[PDB]
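One chain comes next, on its own, written as structure tokens: the form deposited in one PDB entry.
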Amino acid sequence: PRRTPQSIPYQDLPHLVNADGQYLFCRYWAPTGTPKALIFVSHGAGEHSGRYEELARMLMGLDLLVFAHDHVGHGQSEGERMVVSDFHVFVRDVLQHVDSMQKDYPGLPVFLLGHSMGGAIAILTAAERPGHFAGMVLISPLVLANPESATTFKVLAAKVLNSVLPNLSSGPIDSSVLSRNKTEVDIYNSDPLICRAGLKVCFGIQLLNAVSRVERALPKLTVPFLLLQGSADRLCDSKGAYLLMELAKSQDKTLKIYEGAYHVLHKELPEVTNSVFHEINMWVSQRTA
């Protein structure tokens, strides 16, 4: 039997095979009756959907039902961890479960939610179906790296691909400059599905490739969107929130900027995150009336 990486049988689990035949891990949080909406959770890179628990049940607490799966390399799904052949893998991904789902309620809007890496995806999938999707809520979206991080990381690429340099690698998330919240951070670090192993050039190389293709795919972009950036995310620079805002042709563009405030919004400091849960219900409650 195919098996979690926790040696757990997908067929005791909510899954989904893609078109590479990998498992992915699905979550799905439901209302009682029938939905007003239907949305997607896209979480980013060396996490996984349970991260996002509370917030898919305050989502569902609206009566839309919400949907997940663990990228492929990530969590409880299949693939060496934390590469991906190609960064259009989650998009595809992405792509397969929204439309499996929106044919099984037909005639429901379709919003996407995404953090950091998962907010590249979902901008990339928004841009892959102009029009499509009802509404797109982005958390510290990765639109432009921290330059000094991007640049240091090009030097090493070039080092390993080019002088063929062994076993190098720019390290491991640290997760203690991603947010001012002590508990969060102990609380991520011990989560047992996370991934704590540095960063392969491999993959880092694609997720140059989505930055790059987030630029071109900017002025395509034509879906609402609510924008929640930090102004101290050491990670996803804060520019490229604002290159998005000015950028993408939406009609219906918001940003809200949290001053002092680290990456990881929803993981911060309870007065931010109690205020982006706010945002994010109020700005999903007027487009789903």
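The term rigid core refers to the maximal set of C-alpha atoms that superpose within 1.5 Å between the two forms. Positions refer to the first chain, counted from 1. What changes on going to the form deposited in another entry:
Residue showing a CA shift of 2 Å or more between these two forms (rigid core superposed; candidates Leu161, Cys202, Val155, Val177): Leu161.
Having displayed the form deposited in one PDB entry, please output the structure of the form deposited in another entry.
Chain alone follows, minus partners and molecules.
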């Protein structure tokens, strides 16, 4: 029988088979009553859906049915770790899961929540289905990568794109730039389901594709969104958040800047994280009443 990369049979776990025949591990948090809306949680590179337990439980407490899967190559889903044939695979698979849930739960509004790479996936998902999503919550979405990281990575990308170098990777990122909360950093460094290895160059190329595709999608984006961004973000440059606010056509767009905060706002210092949870709670509550 088919098993996760951690040797657990998929028959023992919630799952979905994607269009490429790959098993995706799924998570669900459903309220005891009739849901007011559905919301898909889109995780970022290297991590997995289990990192969203507390946010998901908050949203479920608002009577939303929260659902997620581990993207291909991540967590408990299948696929060579941190490989993707094309970035759109992630978007396609989100859409499959959304479409499946909308059948089981017809007539409900559907929201997207995405962090980091998962925020770029959310943007591209909404841009593919204009008018279909009720709203998007973006936590430091990948709109522009760190300019310094992008420049040096593009040099590595040149080698892989001009030669046959299938194993080339970037150096690992220093986990301390992910959050000022050292306990959250230590937890991230301890989770066996998180891939903390240096980025394979082929995957980083797909992140460059994500950035290019987000740029082209902005003038089409009309979905309501809440955008949360730290001013000291070394992964997704804050300039991308300002550009998203300026270039999206959405009539309902709000930006909250957390001064001094690092990339992972929902795992930051308690004052930041508590505010992040409260702001998402209010924004979703106002749009599901």
